[PDB]
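First comes one chain, alone, set out as C-alpha cells in the form solved without this ligand.
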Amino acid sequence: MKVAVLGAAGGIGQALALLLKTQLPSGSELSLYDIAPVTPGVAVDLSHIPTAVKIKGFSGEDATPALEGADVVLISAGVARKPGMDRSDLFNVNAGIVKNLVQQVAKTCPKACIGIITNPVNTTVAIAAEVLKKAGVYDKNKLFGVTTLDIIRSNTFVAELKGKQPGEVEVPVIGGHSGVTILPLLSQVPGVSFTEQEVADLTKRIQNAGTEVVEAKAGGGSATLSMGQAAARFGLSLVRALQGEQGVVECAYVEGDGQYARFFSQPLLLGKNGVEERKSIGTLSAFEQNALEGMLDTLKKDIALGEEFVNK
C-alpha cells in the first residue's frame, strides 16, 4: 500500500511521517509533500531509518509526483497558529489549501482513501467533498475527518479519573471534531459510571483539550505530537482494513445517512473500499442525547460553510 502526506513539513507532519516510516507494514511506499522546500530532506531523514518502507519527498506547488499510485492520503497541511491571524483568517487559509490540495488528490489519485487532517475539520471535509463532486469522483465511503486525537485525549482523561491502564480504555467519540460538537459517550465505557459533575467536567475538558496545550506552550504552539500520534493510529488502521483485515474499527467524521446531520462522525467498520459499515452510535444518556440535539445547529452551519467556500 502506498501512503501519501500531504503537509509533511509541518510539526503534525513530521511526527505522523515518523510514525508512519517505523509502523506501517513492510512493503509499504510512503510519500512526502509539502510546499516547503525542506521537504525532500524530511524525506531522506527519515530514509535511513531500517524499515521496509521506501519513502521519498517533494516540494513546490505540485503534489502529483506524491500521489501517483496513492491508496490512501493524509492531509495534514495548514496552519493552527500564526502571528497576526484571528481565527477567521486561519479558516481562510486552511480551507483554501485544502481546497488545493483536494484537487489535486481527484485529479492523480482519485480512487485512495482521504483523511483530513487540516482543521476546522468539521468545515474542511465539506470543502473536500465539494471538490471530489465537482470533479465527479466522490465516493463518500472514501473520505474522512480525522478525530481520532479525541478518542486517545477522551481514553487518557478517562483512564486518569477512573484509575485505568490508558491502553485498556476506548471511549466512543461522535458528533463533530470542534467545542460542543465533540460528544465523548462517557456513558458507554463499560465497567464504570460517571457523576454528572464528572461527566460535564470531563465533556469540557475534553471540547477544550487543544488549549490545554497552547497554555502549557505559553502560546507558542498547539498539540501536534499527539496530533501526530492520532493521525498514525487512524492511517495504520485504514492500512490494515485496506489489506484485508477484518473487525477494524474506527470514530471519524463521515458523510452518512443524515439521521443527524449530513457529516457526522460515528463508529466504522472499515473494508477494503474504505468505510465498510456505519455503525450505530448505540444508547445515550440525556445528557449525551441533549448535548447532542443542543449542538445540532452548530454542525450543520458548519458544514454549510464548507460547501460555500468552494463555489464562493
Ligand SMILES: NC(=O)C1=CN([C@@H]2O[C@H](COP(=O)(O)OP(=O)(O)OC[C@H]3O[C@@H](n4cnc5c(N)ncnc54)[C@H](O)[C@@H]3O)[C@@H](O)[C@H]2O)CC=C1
Given for the second form:
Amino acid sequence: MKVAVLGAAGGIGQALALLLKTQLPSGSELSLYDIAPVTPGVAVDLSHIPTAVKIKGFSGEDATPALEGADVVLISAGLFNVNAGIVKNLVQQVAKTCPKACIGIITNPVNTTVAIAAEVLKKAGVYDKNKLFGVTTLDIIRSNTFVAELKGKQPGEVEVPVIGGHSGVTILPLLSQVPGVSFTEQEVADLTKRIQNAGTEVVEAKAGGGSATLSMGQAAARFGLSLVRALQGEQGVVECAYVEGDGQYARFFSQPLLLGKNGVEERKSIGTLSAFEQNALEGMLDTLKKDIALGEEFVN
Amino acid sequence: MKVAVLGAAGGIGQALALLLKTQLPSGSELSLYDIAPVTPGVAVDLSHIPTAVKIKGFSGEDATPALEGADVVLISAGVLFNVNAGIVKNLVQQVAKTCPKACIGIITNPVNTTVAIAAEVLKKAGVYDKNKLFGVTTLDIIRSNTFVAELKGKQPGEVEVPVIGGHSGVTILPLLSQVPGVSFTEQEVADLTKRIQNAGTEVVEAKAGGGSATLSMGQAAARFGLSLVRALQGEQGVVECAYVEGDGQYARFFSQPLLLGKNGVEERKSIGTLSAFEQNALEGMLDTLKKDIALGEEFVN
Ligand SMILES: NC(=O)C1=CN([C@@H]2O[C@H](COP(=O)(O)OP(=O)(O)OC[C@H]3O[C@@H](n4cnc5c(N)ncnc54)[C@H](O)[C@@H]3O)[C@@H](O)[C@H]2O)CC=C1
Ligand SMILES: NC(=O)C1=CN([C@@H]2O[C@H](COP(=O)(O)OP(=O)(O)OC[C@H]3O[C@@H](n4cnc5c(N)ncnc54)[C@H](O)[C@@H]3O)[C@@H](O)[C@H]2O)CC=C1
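Right, the form solved without this ligand is done, so what does the form solved in complex with this ligand look like?
Every component of the complex follows; first up is the chain already shown.
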C-alpha cells in the first residue's frame, strides 16, 4: 500500500501528510511530491514519528519516483488556468507511471478539474472511471459539524450525505436523510446556504490572509484512508465523491459510493429526496454541466 | 479540560492544533492565540472538523481571552535568542496573571534556557509551582523510538526509550540501556546516540532552507499535551520525560521520567541504573546544561 501526495508541501498537503503518516495502516508507504524544494525535508521531519509508515519526499519537475508503485494518488497541488494546467501536468505523469492507482483530485474547482483529469487519462488510454474521484469530503464533514451543533448531537455520530457538485449551488446536502434529525424548511434553506458558503467563513476569519487548509487535510485524510481500507479488501466502506457515473443527472456527479478493491464498487442511489432537495437538484444541473464542459474544453 | 496553544499560527502550532482538535477527549476546549492576524481563522478552519472539541482563535497582544480558564498552556511562539527569550517572558507573564494554576509546556527554543526564564517569571509573579512547568522534550523520545525500532526490527509503536538531561546536542541522553526487551552493542549505542543528539540538524539540512522540524514536533507536543490532560482528569500511570525543576542532583532543571497526576508532576522518577557510556555522557554535559540554565536565570534577573 503506497499513497502519493502531490502538492505535499502546501497548507493542505502538509496537514494531509501529517495525518497519513500517523493514521495509514501499519506497513504502508507514503510518498510526498511538490515542486517546492523543502519537500524532501518535510518527509524527513515526518519520518521521525514512530509509526510503521515509510515516508520519502521528492521535488523537482519529475514526479516519477514518488508515483512509482502508488496505489492512491491525492492531488492537493495549486487562477483557473493555473490550477487547470497543474492538474493536467500532474495527471499526465500519473497516467504514465501509476495508471491503475485511485486518483483523488483536491485541486479546485473540483467540478471542472476532475473532468480535466478524465480527459487526460482518456488521451493516455488508461482511463478507469471507477478510479477517478473529486474529493468533496470537506462538504460532508462541515455538514456533520453544523448539524451536530444545531441538534446537540455528538459530532462524530452525525453523517450527512452530500450529492451534486463541490461549488456553490451544486452542493446539495441531504439533510432529509440524517437519522434522528429533522429540520424545518427555513432551517434547511439557511443551513444549505451555510454549507455552500462555508469556505468564506475561513477566508474572512483569516483576515483575508488564507483559506481552509487544516480541515481539508482532515477531510482528504478521511477520504484517502477510506480508499486504502477498500483497496485492502475491507467491506462496507462508503464515501460520497464526485465521479463519472451513469449520467442520469450529469456526466460527473457526487453520490454515495461503495468502495472496493478496484475503486468504485457500486454507485449507490441518492435515495428519497425532499421537495427542497428535488428542486435544488433540478436547479443546479445546468451549472454542473457547464463546469464539466469547461474542463473538457481546457484539455482541447 | 481547556488547552491553550500560544504561537498557534506557526508551523508547530497549526500541526499541534490540528492534532489536539482531533484527539482531545470529547468535552474539551481548545484556544489558539498568536499575534499573526490569521489566527482566528485557523480556529474557524479547525472548527469545521466534527469532533466534540470547542475551538476559538485570538490575535492582538492580549492573550487573556485564550488563557482564561486554561488547564494546559503550550507555548510554541517564536519570531534570535533575545527576541524569543522576550516572547517567552511576555507570554509566561500573561499566564501567571490569568491562569497561574495551569500546566505550562514550553516548546519555544532553546528549551534548556527558556524553561529557566519561565520559572523566574513565575517566581517573580508569586505563583511558581515547579510541578506544573515543563520543557517539552518529547520529540527526543519519539525520535529515539523510531530509530531504535528501525534498527532492532521492532514495531515502532511498541518501543519506548527514556531520554534524560537537556534538549540540545550533547545534553540529550537516551538511556538505550533501559529499553525493554532490546539490547545494544557498544557501536550501536554510539551510532544511535549521535543520531538522536543531532536529529534536529538532520531535519534542517534536509529542509534545504525551510528550517527546523514542525510536523513531528506537532506530534510530539500533542503526545505530551494529551498525557497532561489524561493525568489532570485522573488517569493513572501516565509517564512522560520532561525538563523540570527537580532535586538538582545534576542541574537545577533536568529532564527525567515523570509520573503525572491531577496537580502536574506527581512523582519525579529515578533515572535508574546507567551504563558506563550513559554515565560518561551525563557527566560530560553538565557544565553545558548549567550554563544554559544560568543564561535564562540572568535574562529575567
Ligand atoms: N477540494 C476542496 O474541498 C478544497 C480544495 N482546495 C484546493 O487545494 C489546493 C491547494 O490549496 P493549499 O494547500 O491551501 O495551497 P498551497 O499554496 O499552500 O499549496 C499548493 C502546493 O501545490 C504545489 N504545487 C504547485 N504546482 C505543483 C506541481 N506542478 N507539482 C507538485 N506540486 C505543485 C505548491 O508548491 C504548493 O506547495 C487549491 O487549489 C485549492 O483550489 C482548497 C480547500 C478546499
Ligand atoms: N521543543 C522542541 O523540540 C522544538 C522546538 N522548536 C521551537 O518552536 C518554536 C516555534 O517554531 P515554529 O513553529 O517552526 O516557528 P514559526 O515561525 O512557524 O511560528 C512561531 C509563531 O509564534 C508566533 N508568535 C510570535 N510572537 C508571538 C507572541 N508574542 N504571542 C503569540 N505568538 C507569537 C508567530 O506569529 C509565529 O506564528 C522555535 O523556537 C523553534 O526553535 C522547533 C522544533 C523542535
